[PDB]
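**Student:** Following the hints, complete the assembly by docking chains A and C with the ligands onto the known chain B.
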Amino acid sequence: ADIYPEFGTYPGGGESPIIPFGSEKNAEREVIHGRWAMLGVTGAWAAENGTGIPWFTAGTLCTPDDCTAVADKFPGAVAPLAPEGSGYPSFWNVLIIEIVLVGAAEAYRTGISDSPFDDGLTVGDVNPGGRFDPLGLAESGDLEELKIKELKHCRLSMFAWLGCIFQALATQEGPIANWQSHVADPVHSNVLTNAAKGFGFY
Amino acid sequence: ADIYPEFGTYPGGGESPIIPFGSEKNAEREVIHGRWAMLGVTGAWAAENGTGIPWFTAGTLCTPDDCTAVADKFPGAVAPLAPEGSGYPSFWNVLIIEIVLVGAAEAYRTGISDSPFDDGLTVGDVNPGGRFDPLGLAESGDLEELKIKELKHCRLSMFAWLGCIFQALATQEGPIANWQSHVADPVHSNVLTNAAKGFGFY
Amino acid sequence: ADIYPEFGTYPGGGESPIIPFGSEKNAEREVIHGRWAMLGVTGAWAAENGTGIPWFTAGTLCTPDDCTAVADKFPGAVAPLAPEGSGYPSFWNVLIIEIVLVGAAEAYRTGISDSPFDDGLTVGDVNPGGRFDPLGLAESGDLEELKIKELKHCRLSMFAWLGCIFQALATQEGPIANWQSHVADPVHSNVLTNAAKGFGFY
Ligand code: CHL
Ligand code: CHL
Ligand code: CHL
Ligand code: CHL
Ligand code: CHL
Ligand code: CLA
Ligand code: CLA
Ligand code: CLA
Ligand code: CLA
Ligand SMILES: CC1=C[C@H](O)CC(C)(C)[C@H]1CCC1=C/C(=C/C(C)=C/C=C/C=C(C)/C=C/C=C(C)/C=C/[C@@]23O[C@]2(C)C[C@@H](O)CC3(C)C)OC1=O
Numbered sequence: 032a033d034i035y036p037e038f039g040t041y042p043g044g045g046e047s048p049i050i051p052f053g054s055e056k057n058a059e060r061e062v063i064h065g066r067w068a069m070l071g072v073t074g075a076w077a078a079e080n081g082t083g084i085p086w087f088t089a090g091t092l093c094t095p096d097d098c099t100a101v102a103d104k105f106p107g108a109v110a111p112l113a114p115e116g117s118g119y120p121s122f123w124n125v126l127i128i129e130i131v132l133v134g135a136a137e138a139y140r141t142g143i144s145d146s147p148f149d150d151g152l153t154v155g156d157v158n159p160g161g162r163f164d165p166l167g168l169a170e171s172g173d174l175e176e177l178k179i180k181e182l183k184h185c186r187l188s189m190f191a192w193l194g195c196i197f198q199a200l201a202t203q204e205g206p207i208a209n210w211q212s213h214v215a216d217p218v219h220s221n222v223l224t225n226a227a228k229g230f231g232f233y
Numbered sequence: 032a033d034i035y036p037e038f039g040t041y042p043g044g045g046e047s048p049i050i051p052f053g054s055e056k057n058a059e060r061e062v063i064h065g066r067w068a069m070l071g072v073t074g075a076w077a078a079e080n081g082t083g084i085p086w087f088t089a090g091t092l093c094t095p096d097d098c099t100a101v102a103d104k105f106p107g108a109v110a111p112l113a114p115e116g117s118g119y120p121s122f123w124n125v126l127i128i129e130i131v132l133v134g135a136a137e138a139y140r141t142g143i144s145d146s147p148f149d150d151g152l153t154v155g156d157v158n159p160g161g162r163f164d165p166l167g168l169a170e171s172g173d174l175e176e177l178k179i180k181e182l183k184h185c186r187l188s189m190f191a192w193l194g195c196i197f198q199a200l201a202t203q204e205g206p207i208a209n210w211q212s213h214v215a216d217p218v219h220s221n222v223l224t225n226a227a228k229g230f231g232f233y
Numbered sequence: 032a033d034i035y036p037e038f039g040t041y042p043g044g045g046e047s048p049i050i051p052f053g054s055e056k057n058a059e060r061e062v063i064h065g066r067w068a069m070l071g072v073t074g075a076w077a078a079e080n081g082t083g084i085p086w087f088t089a090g091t092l093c094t095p096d097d098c099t100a101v102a103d104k105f106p107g108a109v110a111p112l113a114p115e116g117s118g119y120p121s122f123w124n125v126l127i128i129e130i131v132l133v134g135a136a137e138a139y140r141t142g143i144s145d146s147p148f149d150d151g152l153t154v155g156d157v158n159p160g161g162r163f164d165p166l167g168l169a170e171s172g173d174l175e176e177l178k179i180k181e182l183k184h185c186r187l188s189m190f191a192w193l194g195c196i197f198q199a200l201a202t203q204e205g206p207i208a209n210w211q212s213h214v215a216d217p218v219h220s221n222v223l224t225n226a227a228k229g230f231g232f233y
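Protein chains in written order, with PDB author numbering: chain B, 32 to 233; chain A, 32 to 233; chain C, 32 to 233.
With the rest of the complex left out, here is chain B:
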């Protein structure tokens, strides 16, 4: 109403319009998904602006056969990620590091492993604060308003990611390329004109 006039509501703010809100755990899920989606969309966006490589084919740059092609990708970097001819980055090193670091972080967050700190943060609280609000924005501002803004950005980013998935399938081009083609000539470059062309299959 006042803070959420848009379609639907927030958990603790009313009744869901279509899919019933029956489990509180879903609330946590919705936030976690949302945070990842934000990092996803931004990432895809930024990377395509920096390298021209669409997000859905970037994985081919790093395989056990070769992962050196990513070494010089990052814009403005004072040096490549590894020297030329050193055979680095190595795919297995990247994979082992990701497994260890992200697995440990997720285990600490979800209660699989006991926390390394002794601050009493609660497992299952998607807004824990403390060390995870190091600049103290949640105590200097309005916590409930900030949570609503965060939830809205979560939902928007997830819907944008769904759009990215199906735009990739339907156009076989990057999302930034889709955006450029639309803004150049919106009447003649959109989903309906693409469908008239058969989406590349019909």
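Be careful, since some hints might not be right.
To be verified - Pairs of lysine-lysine, PhoX-like flavour, derived with a Cα cap of 25 Å:
#: 1; chain 1: A; residue 1: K56; chain 2: A; residue 2: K178
#: 2; chain 1: A; residue 1: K228; chain 2: A; residue 2: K56
#: 3; chain 1: A; residue 1: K228; chain 2: C; residue 2: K180
#: 4; chain 1: B; residue 1: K180; chain 2: B; residue 2: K56
#: 5; chain 1: B; residue 1: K228; chain 2: A; residue 2: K228
#: 6; chain 1: B; residue 1: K56; chain 2: B; residue 2: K183
#: 7; chain 1: A; residue 1: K228; chain 2: C; residue 2: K228
#: 8; chain 1: C; residue 1: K56; chain 2: C; residue 2: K180
#: 9; chain 1: B; residue 1: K56; chain 2: B; residue 2: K178
#: 10; chain 1: B; residue 1: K228; chain 2: A; residue 2: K104
#: 11; chain 1: B; residue 1: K228; chain 2: C; residue 2: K228
#: 12; chain 1: C; residue 1: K56; chain 2: C; residue 2: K178
#: 13; chain 1: B; residue 1: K104; chain 2: C; residue 2: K228
#: 14; chain 1: C; residue 1: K56; chain 2: C; residue 2: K183
#: 15; chain 1: A; residue 1: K180; chain 2: A; residue 2: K56
Stated by the list, open to error - Over 10 Å on every C-beta distance to chain C, these chain A residues come out as not near it, computed from the model:
#: 16; residue: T40
#: 17; residue: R60
#: 18; residue: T82
#: 19; residue: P111
#: 20; residue: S117
#: 21; residue: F122
#: 22; residue: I143
#: 23; residue: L152
No lab work stands behind these hints, which were simulated from the structure alone.
For each residue, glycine too, the CB sits at the ideal point set by N, CA and C.
**Tutor:** Relative to chain B, chains A and C with the ligands alone:
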């Protein structure tokens, strides 16, 4: 049982067999969807019988570039929709008229804007009657029986529309063309023989 | 916990993790589906090992035009299913027999038709026993443990069948051929390498 012996039941008539009936609003949704589906299937059907143009490609006839191709399509019409060479119908005129008329009707029905009449019709009642039963069939006949017949036609039309969607995807032909091909040789023209051919992709 | 430490639980054993357990009928459904899935996966598996013909195209061997190609397929058989040149098996005979036998069995199981026996077996009980446990394993062992093992095999076989569906769509080869290609070179033959190749469409 007596009035609904077929699989399932109707809202207020028992328990849903598979997907639970939990919200009364879904009941309204089911009727509204259903009415559109009827107009949809009939439309596709009739248009393909009159013009030979399948429903899933008829949109390409009317674009901002050109919409005059629809002028002479309606069978038996004493004149085209607009004179030849006049540049009409115009896509923008069609779009604006649809937005105004259908938007106003939907707003009146859904309570977004107040009703233009003062008859006290209830917003949210999918069977309001009154001016929407001008011939008075609901009071001359059995209202509950007529509502059951309407609900059955709603469900049947919606399932037929789902069939139209997937038949279009699988055969790339109009639904009436599918019907003719099946009745001409049903053993050798059906979904299984189409699947053996790969649905045009395998 | 003790008997079901894996993710999730069993009906009567706790709360469903994601999709709520609200109807007891679904429990029966899950078992019946599961049993068919086992027979499915096994069947596909065994048939591909015996004939080399993938499960998703085996139907083309038997149509009203011709069903003699199946006569000599079964490995080690002392004779073909019918004499050569006899025009058998006939598709219509196979179809009629399947309809009569499987339809009668399903009607007896589901209470559509009254049971031919007078043993008092309960319709709706997916673990009836009696004549359906002729070797008496359910009373010689632990019934609850055996039911848990059966439920686990049900769920595993259903997930494997879902894998078979999408592997057929993505690779256009038999599931056993997929297994051989993966085990021969798992780093270079998997879903990611197939995706880099476009799944045959991109
Ligand atoms: C968040 C994780 C993550 C995601 C989403 C992707 C996604 C992708 N990678 Mg990448 N990767 C990820 C992590 C990583 N990748 C790689 C390394 C590679 C390589 C080397 C390659 C890829 C490739 C691909 C693409 C093709 C995959 C495919 O078959 O898509 C088909 C699948 C879909 C279209 C959607 C399927 C989703 C669905 C099955 C599950 C969704 C279910 C819901 C979660 C829940 C549903 C509800 C429940 C109740 C039923 C795809 C864009 C390939 C590529 O780029 O090819 C061009 C490729 O070659 N990746 C690494 C190692 C550093 C990762 C490590 O984190
Ligand atoms: C001389 C050094 C140097 C320079 C001039 C640039 C310049 C650029 N980089 Mg590159 N980079 C540099 C070194 C490096 N970059 C990266 C990694 C990246 C990434 C991941 C990205 C860029 C991007 C960009 C562009 C941002 C344009 C824009 O609109 O910014 C807008 C202005 C701002 C964002 C404000 C300026 C940022 C400033 C506050 C410093 C930020 C610090 C870091 C985030 C690290 C510290 C984090 C925490 C601890 C504080 C720009 C061309 C972006 C791009 O490609 O855009 C399309 C991008 O996404 N760079 C690495 C690591 C390999 C570098 C190391 O050598
Ligand atoms: C009810 C409205 C309506 C519908 C269903 C369609 C449908 C269609 N139009 Mg048409 N139009 C409609 C109104 C209008 N059209 C046009 C003008 C045009 C043009 C100019 C063109 C089309 C075209 C098309 C087709 C290709 C679109 C596409 O990308 O399909 C792909 C999408 C799908 C196959 C399915 C998508 C459904 C899914 C994404 C959402 C479903 C969600 C559920 C409703 C809810 C789910 C549950 C929740 C809880 C999650 C398609 C048959 C194009 C065409 O004919 O190409 C040959 C074309 O060029 N239309 C006008 C202007 C007069 C309309 C006016 O209202
Ligand atoms: C000389 C005039 C004239 C004639 C002879 C025809 C003849 C035909 N039109 Mg065509 N039309 C004519 C003028 C017009 N038509 C249309 C719009 C349509 C449409 C939208 C359709 C046809 C269809 C048909 C065919 C119906 C075949 C059938 O089985 O009907 C079955 C017999 C009946 C339905 C009963 C006879 C109808 C009768 C009750 C009059 C109907 C009145 C209107 C619905 C208006 C009612 C308004 C309300 C407020 C009372 C037939 C070839 C249909 C078609 O293509 O079929 C494949 C079709 O869907 N016509 C327009 C507007 C552009 C016309 C204006 O000039
Ligand atoms: C001389 C007779 C004869 C021989 C030597 C074989 C040999 C073979 N058959 Mg073939 N069959 C024979 C006659 C027949 N077969 C079949 C129908 C099948 C089928 C449906 C299948 C085979 C399969 C197999 C192979 C099993 C390999 C394995 O690892 O087994 C592992 C070892 C065992 C399973 C143990 C040995 C079985 C033993 C307990 C006897 C089973 C009796 C019967 C099931 C009938 C009795 C049922 C109830 C009452 C107990 C093997 C090459 C399988 C295949 O293709 O594998 C890839 C397969 O799925 N055969 C029919 C009916 C048309 C036959 C009749 O003439
Ligand atoms: C996985 C992500 C996710 C999750 C877990 C939730 C969870 C929740 N949402 Mg949220 N929501 C999401 C995404 C998600 N949402 C997105 C993307 C949007 C923007 C469109 C919204 C918009 C939204 C609104 C407006 C409202 C909620 C509400 C709710 C709550 C009740 C509904 C529920 O339990 O849904 C759980 C069920 C699901 C998440 C299943 C979603 C439906 C399926 C069919 C997915 C269909 C799309 C799928 C991605 C297709 C993939 C195809 C493939 C080929 C790629 C609950 C806390 C309501 C609320 O707060 O009530 C108090 C509410 O009013 N959500
Ligand atoms: C935040 C979400 C978001 C945004 C900003 C965009 C933006 C864009 N999309 Mg994308 N898209 C989205 C979600 C989004 N999409 C989703 C969820 C899907 C999956 C259905 C798609 C599928 C898709 C395809 C297949 C294509 C685009 C295309 C485009 C571009 C051209 C505009 C167009 O045709 O839009 C069309 C928008 C959609 C198909 C999404 C509609 C989602 C729901 C809300 C349907 C409602 C439609 C109805 C008329 C409005 C209801 C009233 C109210 C809710 C507003 C543009 C850059 C086209 C492109 O690349 O052109 C170059 C193109 O071909 N999008
Ligand atoms: C969107 C249309 C729609 C809606 C809103 C409803 C709503 C309802 N139906 Mg109805 N129904 C529909 C279509 C619809 N039905 C169709 C097409 C049929 C014919 C097959 C039926 C047959 C039917 C029966 C037999 C019964 C009901 C019942 C019910 C009620 C309880 C179930 C429920 O809440 O479902 C709401 C949930 C949904 C509408 C989601 C549907 C499932 C999803 C996964 C969609 C799957 C198909 C999808 C279109 C695929 C798209 C693919 C894409 C690529 C194009 C409720 C009032 C029961 C009742 O009256 O109980 C008292 C009952 O017994 N319905
Ligand atoms: C049709 C098969 C089926 C059925 C009827 C059930 C039914 C049940 N399961 Mg079981 N389950 C299944 C398959 C099935 N399961 C599979 C394959 C697995 C292994 C992954 C499991 C794993 C599992 C666990 C771990 C648990 C359950 C639980 C439950 C219970 C609560 C959930 C519920 O009601 O779901 C009914 C709703 C559905 C079956 C819909 C499923 C979701 C849809 C969207 C389908 C998505 C995939 C689909 C096939 C895509 C097709 C694409 C097409 C192009 C081919 C209920 C008795 C819970 C329980 O026992 O709680 C006490 C529980 O903890 N199940
Ligand atoms: C719920 C509900 C309630 C109401 O009552 C009604 C209604 C509103 C209808 C409904 C709404 C129903 C509904 C639910 C829903 C869910 C969606 C879309 C969820 C999407 C999650 C997306 C995530 C986590 C994305 C993560 C991306 C990463 C990690 C990317 C990472 C890389 O991309 C990077 C950065 C670079 C690449 O190169 C490499 C990779 C790929 C790794 O969508 C919906 O519509």
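**Student:** So which of the earlier hints does this model not fit?
**Tutor:** 2 and 3
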